[PDB]
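One chain is shown next in structure tokens, namely the form deposited without this ligand.
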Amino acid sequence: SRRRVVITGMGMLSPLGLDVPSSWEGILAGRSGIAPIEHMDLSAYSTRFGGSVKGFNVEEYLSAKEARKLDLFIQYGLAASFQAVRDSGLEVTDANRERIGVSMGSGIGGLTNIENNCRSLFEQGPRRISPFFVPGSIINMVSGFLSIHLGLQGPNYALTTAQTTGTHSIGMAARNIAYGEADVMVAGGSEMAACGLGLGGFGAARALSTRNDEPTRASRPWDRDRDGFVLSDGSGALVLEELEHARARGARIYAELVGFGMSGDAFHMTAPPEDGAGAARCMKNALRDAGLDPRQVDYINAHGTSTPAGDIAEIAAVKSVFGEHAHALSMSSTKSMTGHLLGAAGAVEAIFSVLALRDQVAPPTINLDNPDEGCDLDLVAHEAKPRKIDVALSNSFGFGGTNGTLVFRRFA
């Protein structure tokens, strides 16, 4: 047997805003957070735009001294974690601190501060490198720093499963609570890969939209004119909590995390299989974990990256899993608005899945002007769609063919 897991706190930085309510307001209004990148010369790059976090003030969270030590991806993670802990109302004590852990991940982590330290290293050699360089750059430091600032003494770790990180972090945090290893986890991921190596690195694989003339139109999942994903920055954090623990302290509960699914495609390094066999197993695995028949799913937050091979794989996967129900469920890609936050994607997208339940509204897929061949599902093109949502899936399909699925349900 098993303990039930509920969402009691949520926090976020996105290209749409500096917290959940402002980001969600963007999602439902079909607003784009995509813009040419400022403060960085991208002249020599085939992509010149993305989702940046706009107007971020780290000193709302940290002294300027402790922020100088930390890559932007750590800052962003800590912001979402702090938002989420505050949102939860949870009081940490000597009595419960050993039962409260953190699992915040990143796809690449401290790329920006690595890039800035290479400069120092080749020009001037090793003596300029900062003392805080290693601890200020490694992925596990969001979990490290948050545990120290808050006195969290419970399972302390970080996933890095590329674009699946946020989904795997939340999912395996849930498992820690379900199986009695913790009563509370702060879980999700953060990403800031908007640096020469990120844009350059993805640019070299021609994985990125090159639609420099219309950055708001670049992210157009399931549309025949899409030409790869948009690179976006930010963070999601949820406070996961055991149900009796949450009820006892009178917490506001958003939704129940009822299921977690993992799988491997075991196919290709970057490209899913045409038929989404992997994503289909992962989804089947998640619904079984939740004890739910596929018919009961109402909303799917797709991966929906706006890559040609990835979007079509997800359609195949859903038709396969849901058969006669695949047209009844609504499925949108919020990346149409936010772009791809990589290891943070599944975190912000689990929050969007939780709010979709709170507000009975399916977020739009904007720019879905001309569906491709076989993209005839309910993809919620252009505008939000109010509707019944008892169960919501969030999907993440990553490099290595690492799949993750979270199943949320209305709580009462």
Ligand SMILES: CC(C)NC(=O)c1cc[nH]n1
Contents of the next structure:
2 protein chains.
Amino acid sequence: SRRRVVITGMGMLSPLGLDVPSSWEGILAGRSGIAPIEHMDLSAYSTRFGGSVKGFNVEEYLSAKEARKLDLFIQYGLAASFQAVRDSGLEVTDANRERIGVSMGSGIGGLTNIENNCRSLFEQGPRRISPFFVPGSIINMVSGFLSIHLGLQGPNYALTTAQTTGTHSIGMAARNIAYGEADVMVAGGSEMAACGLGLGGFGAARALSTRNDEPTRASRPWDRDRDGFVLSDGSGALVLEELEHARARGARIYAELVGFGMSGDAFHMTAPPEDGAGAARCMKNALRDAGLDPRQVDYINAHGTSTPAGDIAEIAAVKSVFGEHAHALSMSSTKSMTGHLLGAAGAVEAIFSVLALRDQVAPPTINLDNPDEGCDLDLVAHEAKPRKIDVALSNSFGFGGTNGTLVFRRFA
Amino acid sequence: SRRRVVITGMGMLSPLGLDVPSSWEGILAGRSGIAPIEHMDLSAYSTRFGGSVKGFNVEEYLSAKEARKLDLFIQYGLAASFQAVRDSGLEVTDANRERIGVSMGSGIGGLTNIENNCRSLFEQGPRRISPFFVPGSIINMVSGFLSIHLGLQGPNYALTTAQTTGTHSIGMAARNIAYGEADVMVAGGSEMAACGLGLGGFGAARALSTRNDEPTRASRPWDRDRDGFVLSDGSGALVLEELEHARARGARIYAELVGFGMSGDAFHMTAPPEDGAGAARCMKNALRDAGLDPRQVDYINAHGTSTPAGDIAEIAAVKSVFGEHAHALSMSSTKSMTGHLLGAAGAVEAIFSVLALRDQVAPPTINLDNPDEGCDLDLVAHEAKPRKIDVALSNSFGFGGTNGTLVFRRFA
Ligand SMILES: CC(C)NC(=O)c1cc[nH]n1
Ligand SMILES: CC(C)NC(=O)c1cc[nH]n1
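Please show me the structure of the same protein in the form solved in complex with this ligand, now that we have looked at it in the form deposited without this ligand.
What follows is the whole complex; the chain from before opens it.
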């Protein structure tokens, strides 16, 4: 019968920092992680900026020998997983290794590595493809490599649900524990899609902000002058743990994961319905799953991508789910500062949602200079807002019309 | 407690045929789907053959315009999904669409699309990349497009667990129904990695058979002369349905899904442990999940990839799990005929496992001319074997040491 699930460990790379604390200081201070991209020549691209992980040192985590075999998205996912597991204090043993699994996901996976090997194939021939091309590129190898390094023999898998990946990964890892398939899961996601194919592909769809002359002002969720999302890189990992297992070992508990919702829009490959009907169904699933009155919700970490259609669909969903209480809760998009980490978006934002509960503060939506038509909720414009937060909700929406909601609350 | 899950519809593209009954007919006749790959210059490649889908007409499923937007792996997934829903006779309504979801996965995803867009990018620059590049290439677009086409609003997600994807997708979909998160799921996997990157990538790891002179003899699981797996394309989809929901509408029930096991080897990125310790844990997990004794298992659809270490690990794992029953069960690799569909291997092999139950026949392991050291089990060499099958197992073991086992039982 269904067991309770708590957060005992968290880990992160983001455009704001190489761990959770540094990233969170940037969030509360309203700092942008967005800058012109330096790792490649983007002069032929319509977008030349994004949220890069600055100063990442893989040799804090892995031998340069192993690191060389792995796409940056895998390196990013391992760094976050390693932080989270260390932050948990949990020791892996023969007694518990079978009860500890991993679900670290990615939207796109090893596009950089696949691009570079594609260049080798075309310019030179097949004999120049890396022997590590497959194991070093495919999405399941964050889970695989983490399991190999730490000796985790529990459920081992990976989701790929586009910009929903991080939220789905965390939610389904909670269900693993809830239903007794595991007692501990490392769950979240990682993304590094800032290669020619990534920036070019989102560019070809005209989905990206082209504000190249003011990158820190580009991500402006619900602002009338928004012109698409800002592509960002990194990773979020959480240690999910059955409550009694956590209590037994005297774990520090950040918060409890009480609710998880999924829905499909069944609307469009890439566009949300204007009314946010699928997002509404998802949040209602998650709130019923948590046994909550919707009026208990204090803070929503929005998907808030800074696209015209996405941002307004989200307001519509929140107003429909929460009615008059829509005017009392605080909703913000930390994508205003981090940009959009795609498959890792739900993972870092799940961590921001927990830290909102720990510190009792709503992170700001920066750059919200002129809220758009109907964007008249508390969106925590410009500055972090100290306030009572017992229940925090984190929304993700993706291509395919795939929706995820996580519900966290304070644990005493 | 837990609801019961039955299979009411199945769909497939394989190297043996463009649907289930044509594929199954090839399986029971010991026909190979393996041949030199056409319309592709493989001169510089160490492997020149594989299992291609022959004569696929996407316009039986999609308009030419909608098909142009999607990678072959997505077209194949949609084909199997539409076949499976049609085969189930399910009628989607406003009263049930929120209870019907999709989990169709891929191991490798849109390599063919990535390859063709790399060609444009390198030669001409980013502005020649297709606008549909991203949504037409990401793994969750089979679930996405299927949900949009049929109006499915239930759980919408995609697994990517390398060669374990199909097994994990079906297993976790069965969980959704068992624990009341959905009443129906479409689950399975699709793959098309017979591009330069798939043949080249696997080729660079020397993981592939190079028997270019005799492509039909290349896949020879447990034969002393095997020299690696054969890369194959296609898809499997199953309609999973709660038992009472299936009985109420008078659905035709092929079989019951009674058990699902997961484990991680936590051993190596590409290599199984010699004793198959992880595959043994996963099979034990699956049997415990089913409430079944190892003695009650009659038929195993092996992973049986035709790799040196993989084949021998699976013999050890079966001997370990099944003790004095290990010789009484029949175990075959249908990969001897189909080759290895990677992420779709588990989907098509779940369907073959279900059909073994319907038809009371163990599919052959063809090319098993000289069993290797220790390969002394009933591996159904050369020809199909009619026999009593009440309980059938399907195993998948994948890169990162991720393992899946499905347990199916006759339903009467
Ligand atoms: C990512 C796209 C497909 N969807 C949204 O932005 C969205 C916002 C509210 N509901 N859905
Ligand atoms: C695909 C690799 C990682 N593993 C196997 O083939 C295998 C065989 C027995 N256990 N695992």
